[PDB]
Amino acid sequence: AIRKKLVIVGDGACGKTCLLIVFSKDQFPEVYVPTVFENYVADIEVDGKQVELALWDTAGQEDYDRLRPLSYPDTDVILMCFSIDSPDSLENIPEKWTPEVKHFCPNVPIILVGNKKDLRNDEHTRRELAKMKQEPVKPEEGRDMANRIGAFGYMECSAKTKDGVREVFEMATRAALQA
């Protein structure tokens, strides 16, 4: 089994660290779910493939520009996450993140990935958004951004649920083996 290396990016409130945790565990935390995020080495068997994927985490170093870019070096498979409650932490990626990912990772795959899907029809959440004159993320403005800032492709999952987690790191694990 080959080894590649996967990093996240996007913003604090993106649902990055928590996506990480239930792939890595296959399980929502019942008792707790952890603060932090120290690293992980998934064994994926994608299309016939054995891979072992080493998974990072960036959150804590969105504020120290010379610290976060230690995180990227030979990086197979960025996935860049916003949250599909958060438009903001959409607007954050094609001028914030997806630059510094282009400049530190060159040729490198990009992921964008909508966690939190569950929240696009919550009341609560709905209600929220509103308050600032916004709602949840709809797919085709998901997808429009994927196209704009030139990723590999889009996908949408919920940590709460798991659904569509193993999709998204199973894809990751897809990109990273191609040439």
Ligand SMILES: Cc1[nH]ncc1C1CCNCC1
The other form holds:
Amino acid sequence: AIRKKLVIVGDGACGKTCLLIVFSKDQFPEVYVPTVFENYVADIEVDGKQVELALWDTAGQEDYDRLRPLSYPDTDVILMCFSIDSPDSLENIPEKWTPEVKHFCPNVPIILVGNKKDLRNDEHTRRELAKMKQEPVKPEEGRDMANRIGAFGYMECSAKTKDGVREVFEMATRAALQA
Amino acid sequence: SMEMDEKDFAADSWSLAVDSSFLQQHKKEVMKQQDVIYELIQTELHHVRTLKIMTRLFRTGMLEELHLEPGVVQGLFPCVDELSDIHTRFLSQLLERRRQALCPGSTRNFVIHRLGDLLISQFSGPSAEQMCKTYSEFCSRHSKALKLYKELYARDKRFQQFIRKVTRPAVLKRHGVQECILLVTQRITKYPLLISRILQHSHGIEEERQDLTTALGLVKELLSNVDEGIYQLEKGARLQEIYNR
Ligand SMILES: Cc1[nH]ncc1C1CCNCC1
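Based on the form solved without the named molecule presented above, generate the structure block for the form deposited with the named molecule bound.
Complete assembly follows, chain above in first position.
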């Protein structure tokens, strides 16, 4: 088994801590959802190759521009997250997060991940967003942003229902294994 | 970690740690507050444990088994004794607050009603000055520590055998040298997230809400101060590179 490093970036409420928790426990916690994620080394086998994938979070580091880049050394794959219930989180992807990740992680593949895909068909989400002349992020809007920023690929998932979670991490492992 | 503390923090939550007959005696809001307080202490216990792996397993093991040049072990593990002293003292206070609150005849049933004052004390005065000084120094030597580690693992056979040997057990899966350094760096930015969620469930007593609001403010002041005192040290950097920053 080869060792690879994954770091997830994105705005404070993009759901990146919940995504790492649900993958690492292989379950959406029934009793208590942790506030924070320390780290984890997942055993993953993708396309016949065994990899130990170390998982890291940047939650808490969003307002600290000198502490945050300390998470980036030797990263093999980046998961750049946004929340599908928050079109404002997608707007900050090319403005702030993309120039940062391209500077500290040159040539590292980036996967743009649309989180909370379950809220696209949530009536409370739809009513709330319509009060700010908005709607949940459309699948094509996510694909077009990933295409624009030079992402390796675009994926969607729901940490709440577990749908798409496993696929994101197996694909991240494949991206980390490339050239 | 010592067995007593591991068992006390073995459950995924406070609600699963206490007896179900004790849990039934509390309101939902108190259970939600206690779950986040337990998470802060359980994560502090693991953080102190990361610092013990760095001092006792790695640092001390290199001094007693390997022949490294003077100042090499200090460059790999900067400020580890200082960090261990800050967090072991903070952990002793959190664990004593839990113990004092235990019901007579119980080693697991407790409720912590007054965490705010302990957090204001930790993130103010001399102990806050020491946290600021130590993390400003540690985080500025983080990249130099990583580059020094990689050089040693790649060029020294005895160093590579030492690492592979002490990191072989499964309990050390998440705690390699580089992983311990990033765990320590990320610890300080975990504090506002935990404190804000404790605050969200601490409106019952106006005094407690005020103390947690003050402590959250002090933690943010500390983080802003540490963030501004960081400049990555580079081995072999020339003065011209430094003053042209
Ligand atoms: C240099 C730096 N520190 N924190 C963030 C940054 C970015 C990197 C990408 N370009 C703008 C500054």
